[PDB]
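Protein chains: 2
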Amino acid sequence: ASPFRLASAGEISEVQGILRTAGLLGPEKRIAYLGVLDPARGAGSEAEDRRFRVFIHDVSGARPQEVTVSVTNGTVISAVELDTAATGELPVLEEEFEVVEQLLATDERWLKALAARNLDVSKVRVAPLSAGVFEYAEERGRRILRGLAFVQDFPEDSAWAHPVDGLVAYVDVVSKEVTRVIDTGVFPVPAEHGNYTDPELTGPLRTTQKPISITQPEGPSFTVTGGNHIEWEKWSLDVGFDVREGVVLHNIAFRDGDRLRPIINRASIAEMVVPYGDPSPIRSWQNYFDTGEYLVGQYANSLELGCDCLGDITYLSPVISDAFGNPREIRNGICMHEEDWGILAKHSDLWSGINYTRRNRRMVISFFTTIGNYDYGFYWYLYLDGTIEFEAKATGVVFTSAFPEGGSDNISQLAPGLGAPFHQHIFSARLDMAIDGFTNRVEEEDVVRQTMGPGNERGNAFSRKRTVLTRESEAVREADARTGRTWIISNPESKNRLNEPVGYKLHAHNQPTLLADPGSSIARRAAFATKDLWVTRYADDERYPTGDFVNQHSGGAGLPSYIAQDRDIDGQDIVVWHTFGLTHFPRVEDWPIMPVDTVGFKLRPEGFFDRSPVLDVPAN
Amino acid sequence: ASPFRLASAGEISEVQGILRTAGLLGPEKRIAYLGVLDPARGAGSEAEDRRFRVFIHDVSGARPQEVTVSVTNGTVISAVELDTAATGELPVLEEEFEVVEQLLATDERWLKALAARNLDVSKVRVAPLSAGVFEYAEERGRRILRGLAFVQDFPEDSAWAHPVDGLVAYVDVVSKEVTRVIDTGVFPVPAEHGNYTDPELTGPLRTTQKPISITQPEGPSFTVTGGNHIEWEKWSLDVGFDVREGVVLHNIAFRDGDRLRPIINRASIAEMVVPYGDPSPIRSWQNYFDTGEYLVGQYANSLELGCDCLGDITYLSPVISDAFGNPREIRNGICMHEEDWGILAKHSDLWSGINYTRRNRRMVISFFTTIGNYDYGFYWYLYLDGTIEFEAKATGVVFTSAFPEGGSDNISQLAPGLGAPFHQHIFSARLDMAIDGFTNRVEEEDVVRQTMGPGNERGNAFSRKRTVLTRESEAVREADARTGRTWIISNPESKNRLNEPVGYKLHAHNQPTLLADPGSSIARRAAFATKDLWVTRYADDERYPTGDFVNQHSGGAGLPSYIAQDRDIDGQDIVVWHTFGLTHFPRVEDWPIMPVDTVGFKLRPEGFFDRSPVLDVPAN
Ligand SMILES: [Cu+2]
Ligand SMILES: [Cu+2]
Ligand code: NA
Ligand code: NA
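Residue numbers (the authors' numbering), protein chains in the order written: chain A, 9 to 628; chain B, 9 to 628.
Some hints could be false.
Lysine-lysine pairs mimicking DSBU-like chemistry, simulated, CA-CA at most 35 Å apart [to be verified]: (1) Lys539/A to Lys513/B; (2) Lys513/A to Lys539/A; (3) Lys473/A to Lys539/B; (4) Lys473/A to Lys401/B.
Chain B regions said to be covered by chain A (calculated; three or more residues, Cβ under 8 Å) [as the list claims (entries may be wrong)]: (5) 160-172; (6) 398-409.
Keep in mind the hints are simulated off the structure, nothing from the lab.
Ideal Cβ placement from N, Cα and C applies to all residues, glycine included.
Produce the entire structure from the sequences given, and follow the hints as far as they go.
Take a look at the structure:
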């Protein structure tokens, strides 16, 4: 009954039929994106209308279309033709990946480059990568993929151990022609294998680990109703799934006594970009927008009990559309469980003689995606004390290159002749805030140092200051770890019992933001990644920090365009966009498969409650 | 057998007998500190010589002494008389804390102050706090405690809810004299109780939490031998305990194939300071050196199975001396256990068809201490992948004051009329490094941004730079989160298979350092806290960043005096001192008992290994 329920296989089947009957899904057509639309702002909206947004690609070269359909009523609501030279190309299709390697295998320049290196074309894998926008005027309005080559010595070999440096090709995947083959010179192909399941590399496996058994003899403490509505330890929320963003959290609220108090209306990772910092022309164009260009939800893993998710696990199995409109289930794609989290609060009081200890726990909602060589885990945590936390876990196989003789300022050496270019992994969290309702504002809080003198005779005082962000043009903020900078989202119309506005404080990790030169193509296309915090006024169509069509868009779409409207954000319906990322200088220990590294952020209550919200937790 | 074994009850009794026989421990003497000395540099040598360092107080006012004893040989090695007006007072004795409230209850100035506030002296608790060094000349060479008052309405009442503001007293605890009583005016005593076990405050306890059962059916994966030597998942170390520093880790090493490779010779929290930022004269002197002044190991809790430590727990019960030289056991004062830690590495490869997932684990060594209102947990973690991490957990009851009617720039309001002064909790980790042996160096690593132009035509390149710290005068460093600054400890004489020096990278949290004015008493006494990183050349007697005798000691000792020697630290036996801390602006949710907040640091291998060190972890 809930408007926020997961899409059904039946709903996707109905969408396919509606498109077919309307003549919009012929054999030349491919679905590049399909997702359910959130309800519009409407406090009391009772007329159920499930609407789906669809991007339709044409493999014969005709213009693509953006279509909105109503599954409840069985109608096409709107359909507009897209001019991709203006507004960007559609996301990359899974079936276009294979086309790159196939096309190059018959191209005479590619074959001659391989022949010079004595490489058998049947053993050469091509990574099909997004193109971006650079100097090639012939690419405007065409769907281009770029390919980099790796050698697979046998079918189970890790091709990432054998990059073929000095060689790159550009491919038009619609007209199926190879537009350029660039060969800058012969580099030795690294010869060591990177097969992390080969006993000759692992050695004998350890026999020293004894089992850790985590069970819940009475079952978990959370309930799941209506498919995806969660109730756990005073928290209430809906777990959504979108093929572009992955797991999305809706209607995060906390039951404070008798009232359900809203906190966040919608939480998602709305973009993630992986820019590479190697100036070689073989790779200097390389920037993955894993969310915007590839769609991270469509590559979600099926998660295995006891290996990926340990404990008493409740799974969700989201349904997405394939390229022809058929429903596809991602079995066990989302893990949900609770975890012990150590001590919550503890005090042994000499004067009262009371000894008090309580334990903490967290609710975990997670999924894992694989995009080529990289694998990313997305984890949302809810804690007993009101804290909300997100954590990204990065693993997989690092992207490789040759390691040049004489060294490099932009590439790490992992093995003899084997390099790994410097890169970043930068995420954008979109937090549609609803702190006790929709009238919210953001304050920037800095520590204030005070000088020794009158009123501070011993020179010990320090303080803090808060600055209200009142318009969008002043709501593009940078971190300052030295001054302990945080941001507070408050509701000026809802006060706690001390007559202070209720709030939540965002604690950032204060990692470096985008390092590229401000005049670069990537700085224009991923402008969100150049600043730590953005605040916008809510609008239905301002969904992604990079715009709707990221692939081969020339730049400026998304947050810079939104912010330019300079709207009032002082006690309004607002959206917080937080940039956070990992700067990765690969180390030898990252090879041949990388141990997890993590980055994230958290939000903590700041005068939201009238006292600690965990006084009613029992001892057990 | 091992020189690093925990002190035994017999050893402590033998120290007592040796001191008594030598005429050093008559009835007027008290042991203020007793601890075992680490072996001097030179592996073996002594065959067996257990030495103890003792600080001996005299309650008649005679000069105290520092004494070193050999328990093996039954001899006093050295005994020196201390001039405390020069080099500092001994740590506070537990029996001196009691003296303060008793003395004040008979002082006519204190009684008149309580009478002015209609308070019953029998219900007034006095927090006895370290005095520091300020403008009171009569305190030089005397042992002083300062007292702040709180009302306890009944024996089980939380007195922290009822501060008596405007009143402070200073007490000479040796001559038993109240030196000064300062009354700046009557403030209302906040009337609301803070009794977090009172059902009228907690409401009905939750019935929603289902059990989480963590068990190890085959027992734990680590072994304990010789009482305190641990072997776990290729790690090797000895767990020490010192009454001042608490848990100390010795001889941290990693078994890499057939070689035991040292990493850290000794790791400890060597000081921790809690400075308050309220400029009121009632509290502007308030600074706790919990390690140096109070001795945190002395106040270690007994940890209860299933509440404080959950899972298959192995306990250590360290032995300390009481004030008369009798052994006292802290039953179950150290918990050790291993914990599941999520995914270690994961990759699903399209080209090879191999799906690979491995799980991570960590070894946890922890203890908890209680000093008045505050409770601190100290956690050391060892991970499968070579990471070492420390985490401090702060909880307990926040220190309170009145909340002034006009508001305050330096105090938070927690409840009607009840304030909590701003403060910090700052730690100093002393890491006696031994990366593949004792020839080590520290490099500072910053990200380097590059300008678009020749050799970087697309403006995407970025790099890093490393700066070797060659002399102590240049090894006092600040964080810079914006440039991703880390520090690498390497061994220039031990190279990995790529012919690069092996190393470990220190990752800081980049939280603010000491905020007090640089001219203040606290800035001089806690100079270590003003900078994030210090490197010194190892010396036997350079143990604490604040020096040996912190109580009522002015500046002049500790890290600033050590680094003036300007010793060579480029490929030498070096010690890293890392400052990290929490800046606490108390929130309403911190009342009436504070949920845990955390801070820490971690060290990760950086080319220490020749490839990932966890390729031999099994699937399970
Ligand atoms: Cu990476
Ligand atoms: Cu605090
Ligand atoms: Na909002
Ligand atoms: Na050392």
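Consistency of the hints with the structure:
1. A hinted pair counts as satisfied when its Cα atoms are at most 35 Å apart, and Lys539/A with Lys513/B qualifies at roughly 26 Å.
2. Taken as a hint, the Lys513/A and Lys539/A pair is honoured in the structure, with Cα atoms around 18 Å apart against an allowance of 35 Å.
3. Our distance criterion of 35 Å between C-alpha atoms is met by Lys473/A and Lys539/B, whose separation comes to about 23 Å.
4. With a C-alpha separation of about 26 Å, the suggested pair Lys473/A and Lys401/B falls inside the 35 Å cut-off, and the hint holds.
5. For the segment 160-172 of chain B, the stated coverage by chain A holds: 6 residues have a C-beta nearer than 8 Å to a C-beta of that chain, and at least 3 were required.
6. Counting residues of the segment 398-409 of chain B whose CB falls under 8 Å from any CB of chain A gives 4; the rule of at least 3 is met.
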